[PDB]
Amino acid sequence: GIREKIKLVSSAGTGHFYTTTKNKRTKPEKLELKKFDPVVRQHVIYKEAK
Amino acid sequence: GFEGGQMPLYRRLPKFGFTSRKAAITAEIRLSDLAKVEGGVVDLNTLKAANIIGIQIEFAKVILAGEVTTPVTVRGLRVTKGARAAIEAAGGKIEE
Amino acid sequence: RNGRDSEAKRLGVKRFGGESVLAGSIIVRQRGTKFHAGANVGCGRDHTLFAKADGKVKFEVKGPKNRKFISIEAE
Amino acid sequence: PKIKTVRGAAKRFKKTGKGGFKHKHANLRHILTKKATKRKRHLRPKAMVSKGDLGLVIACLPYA
RNA sequence: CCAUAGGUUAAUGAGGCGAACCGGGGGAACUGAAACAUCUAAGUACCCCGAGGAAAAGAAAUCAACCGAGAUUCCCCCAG
RNA sequence: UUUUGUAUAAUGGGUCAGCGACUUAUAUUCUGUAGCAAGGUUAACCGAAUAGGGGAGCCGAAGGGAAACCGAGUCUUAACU
RNA sequence: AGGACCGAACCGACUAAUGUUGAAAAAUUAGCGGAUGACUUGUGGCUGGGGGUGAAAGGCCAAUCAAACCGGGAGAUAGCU
RNA sequence: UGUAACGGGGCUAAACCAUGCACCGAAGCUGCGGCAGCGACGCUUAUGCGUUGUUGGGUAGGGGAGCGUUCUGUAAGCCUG
RNA sequence: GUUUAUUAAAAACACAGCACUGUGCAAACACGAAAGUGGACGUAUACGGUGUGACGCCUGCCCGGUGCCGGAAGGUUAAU
RNA sequence: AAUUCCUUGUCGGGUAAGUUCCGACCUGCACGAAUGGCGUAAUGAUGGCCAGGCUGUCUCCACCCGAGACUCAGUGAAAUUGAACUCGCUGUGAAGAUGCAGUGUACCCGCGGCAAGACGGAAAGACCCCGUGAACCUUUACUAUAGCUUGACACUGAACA
RNA sequence: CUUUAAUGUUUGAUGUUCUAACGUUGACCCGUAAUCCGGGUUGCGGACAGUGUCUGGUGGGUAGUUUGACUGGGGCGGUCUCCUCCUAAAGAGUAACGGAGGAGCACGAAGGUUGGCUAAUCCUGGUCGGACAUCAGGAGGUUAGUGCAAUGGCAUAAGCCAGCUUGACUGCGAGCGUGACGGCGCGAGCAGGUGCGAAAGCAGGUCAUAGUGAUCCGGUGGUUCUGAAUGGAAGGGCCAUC
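Chains as they are written, first to last, in PDB author numbering: chain o, 4 to 53; chain Y, 49 to 144; chain j, 11 to 85; chain q, 2 to 65.
Certain hints may be false.
Said to hold, decoys possible - Beta-carbon label-pair distances, calculated as ranges:
id: 1; chain 1: q; residue 1: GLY56; chain 2: j; residue 2: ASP15; range: 33 to 43 Å
id: 2; chain 1: o; residue 1: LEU34; chain 2: Y; residue 2: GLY102; range: 23 to 33 Å
id: 3; chain 1: o; residue 1: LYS30; chain 2: q; residue 2: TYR64; range: 51 to 61 Å
id: 4; chain 1: Y; residue 1: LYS96; chain 2: o; residue 2: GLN45; range: 48 to 58 Å
id: 5; chain 1: j; residue 1: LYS62; chain 2: q; residue 2: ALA27; range: 31 to 41 Å
id: 6; chain 1: o; residue 1: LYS27; chain 2: j; residue 2: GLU83; range: 53 to 63 Å
id: 7; chain 1: o; residue 1: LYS27; chain 2: q; residue 2: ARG45; range: 27 to 37 Å
To be verified - Only pairs whose alpha carbons sit at most 25 Å apart, straight line, appear in this in silico BS3-like list of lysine-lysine:
id: 8; chain 1: q; residue 1: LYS41; chain 2: q; residue 2: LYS5
id: 9; chain 1: q; residue 1: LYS39; chain 2: o; residue 2: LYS8
id: 10; chain 1: j; residue 1: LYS44; chain 2: j; residue 2: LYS78
id: 11; chain 1: q; residue 1: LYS23; chain 2: Y; residue 2: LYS129
id: 12; chain 1: Y; residue 1: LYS141; chain 2: q; residue 2: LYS23
id: 13; chain 1: q; residue 1: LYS41; chain 2: j; residue 2: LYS19
id: 14; chain 1: o; residue 1: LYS33; chain 2: o; residue 2: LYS50
It should be emphasised that the hints constitute simulated quantities derived from the structure, not laboratory data. Where a beta carbon is used, it is the ideal one built from N, C-alpha and C, also for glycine.
Take the sequences, apply the hints, and build the full model.
Below, the structure written as structure tokens:
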């Protein structure tokens, strides 16, 4: 519905991204989640609420 | 491949891959041959001459697939591990 | 105004009492916890009860609420 | 004549060592962020064509 | 005006027919796609021009691949 | 003949006689059978010409992988109980 | 004088009956309309198929017309009989 | 349309109820004779029998085994004025 | 008057008359790959198209929609 | 009203009696002004209604004259047709029986005649439905295209402001 | 460099004028005893018109086609996928244009964990204060709640509140369930790295069951896997994803 799709990109040098959905209207703030990076193999901070 | 009008099996499944261009010029030599090469020396020619790989073939490989007996000198062909041991065990010589 | 129903979900008891199971086997695919998990039985996310060790299925009635457990006897 | 291969079937099935055919799983091209990673991880390896369907496949692929 | 157009005469050749094969100029649709329009049928049917006992093509501004082959045409593979 | 079901008042046939409908070619798969057998077999063509040559090729003896590549293993994966 | 009036030839075809395996694949008999006109007729010519021609009915184009006839594509196709 | 709601005659039992013993009754079962399929089993061994058990309705359809026709070889043979 | 030759002759078609509209002549328009031809050896009192349909009394309001005619400022807008 | 469903509207005229006809009213389902409105003399093998005359149209048919029909001689078809030793009823039955069951009736064979049945004959129902059938027709369905139309380049230049 | 002034020069733009291309279905002459045509002279028009290629617009004038199925005949109406209950005959499944309802999402907390807590309603007392807003006590028992239908669940709470958080992880997966298949679902455990907790442990989303779309074609990021002489590249593959 209204809830958009975003890419959580990795803070390490890799291009690896998780992908998910955000309500852009009610939460306009960016979304930072310490997720797992399998190219670095380490839990790195992910950014970019699209 | 007509299932009534349902989307057929060869058309509801995705397609994968590509064709190599290079696997059509590689070959795969057993050890049952190379007693057939007339010489005790094995190159791409000496195999082509023995009607065993084909004229278009550029790469060849000497897979363990059974029972080398005579001492054979393999030249310029890739040899697998097990068949390196089998060629070198029955006299034999592998240079590249 | 009517004429619709969902597809039948095929719930129920898949392995009955005394029936020998392997580990991992689903015993009761069900909807709440009509049957609860007992010894060597796990309860999945959709309240599917599955054999966590090998053995025999044991339906029992335990506890102060007369709940229907499902154990597995080691066999 | 000589039998023509159903050509878009050759791009989708590949013959194996004992005559069965492997194929890539469906459902893993797009709409993907809605799917669990357990689905997607179980759809990546290639799979054998089942018993029902080998008749159709062998009919479409007579040289492979 | 010179001259060209035109006119008259003579010499040589052509014209038309013919079954298929051949080269070229044009060129469908039914059909198949379980509908249909891209696609197919198919450069097929047909129409037209021209030629020969055959025609056409043909003597690398061609391939190949760091080795080489050596014009065109036809057949069997390559290879569904 | 078609049908759930035809004496059916459902279809067909006035009768006789003659003709009248699962073929042919080329590929592929399985069964039988024959030859040879880790090998089998040639096509075009040459031709004393159904012989004999012709093994170009095709199929099989090795798979895995999208592919490079590896190879009785291989792919997945950083690595696999 | 008159797309004037009555009415034969001439052109037509309103009604009825017969006929309907007819005398006739459209007629006969008894009445009927026009009958100097936008009439009728002979002989020749011209227009052609998505085309002609049409005082228009989808009428007519060789007893064929919401697309002639012949030949070909062609054994079109027919999940239907 | 005609009795026309026992098939009919006809029945006061030839109706109904209860009990019992008879008999009729099918391509069922049995008897006698025959053929064929599938098993098992001692030989026969390349199969037949002293056997022996059991099976044999059949549409779509699958499997197996045959007869006839015309033509070629056997056949310049063998029948035939 | 004409029409469904062969089940419909009619209120239908036609018609004189009316109106609208196009057309300045190498006319519009039509047949025609084109040449050309008809329009017409005519010239706007003519010709083509469309509707209505002798005559008499008349033909009212609506330009928002669709079309046509006219305008060129601005927006958008192809090949290049 | 060629227009009006309700509707045989209501009133009037004609008729013994009038769903039609004529006149009128107007509540015009759903007239109406050049897809013309309303009148309209004459005309019409035009539509509707009334009357005089006339009559076999009819009450209700009768007789007669001819041509067939019928008999004889000659010639000599056709559609149809599984086979027939081809009755009624009542019931059964693929549900409307010459063929089944029960029963009743009926010597065998023709000729003239009638047409109730043989789901009679003729024509692979024209209606209805179906077919991923066809054809023509329409349109602001889709896709094209002829035609008309727009600009660029070509054919296609100079001399001055 | 910025900004300006004069000249020369280099090119485009526009308007007037011109004759020389082209048009002439104007006149005259000739081929020619010819209203065709061609040539000549001249007049008029004249870079226009016209035609070719390209291009926008218009285009039933014409052509090719499409215009669903279910359906107690077809049309009209309704429906078409997914979830819940009943029908459904005490395993599963089970039809009808049978009876009833819902979905085409929401959520970065409404997920994970740790620690804690327990509802509805009614009665009584009490400032504004009321049938019903807060307080206190009692009865009561989950008649409540569960992000949204219904069913099954839920107190060990799956309900309610707070602290810290990202396991809403990545690669796999014994074994099962469920479908004709495509597919869908459940999953202990293994490896890597993480959160909460003192720890045992729990966490691969949410109490569960709806919240959806195959393939092709193509877009974006990563990975030399390929890369038609060779080195690259383009394109393709693979992984993620739209």
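Note to self: Let me make sure I understand: some of the numbered hints might not hold for this structure. Which ones are they, in numerical order?
What the structure shows: Violated: hints 2, 8, 11, 12.
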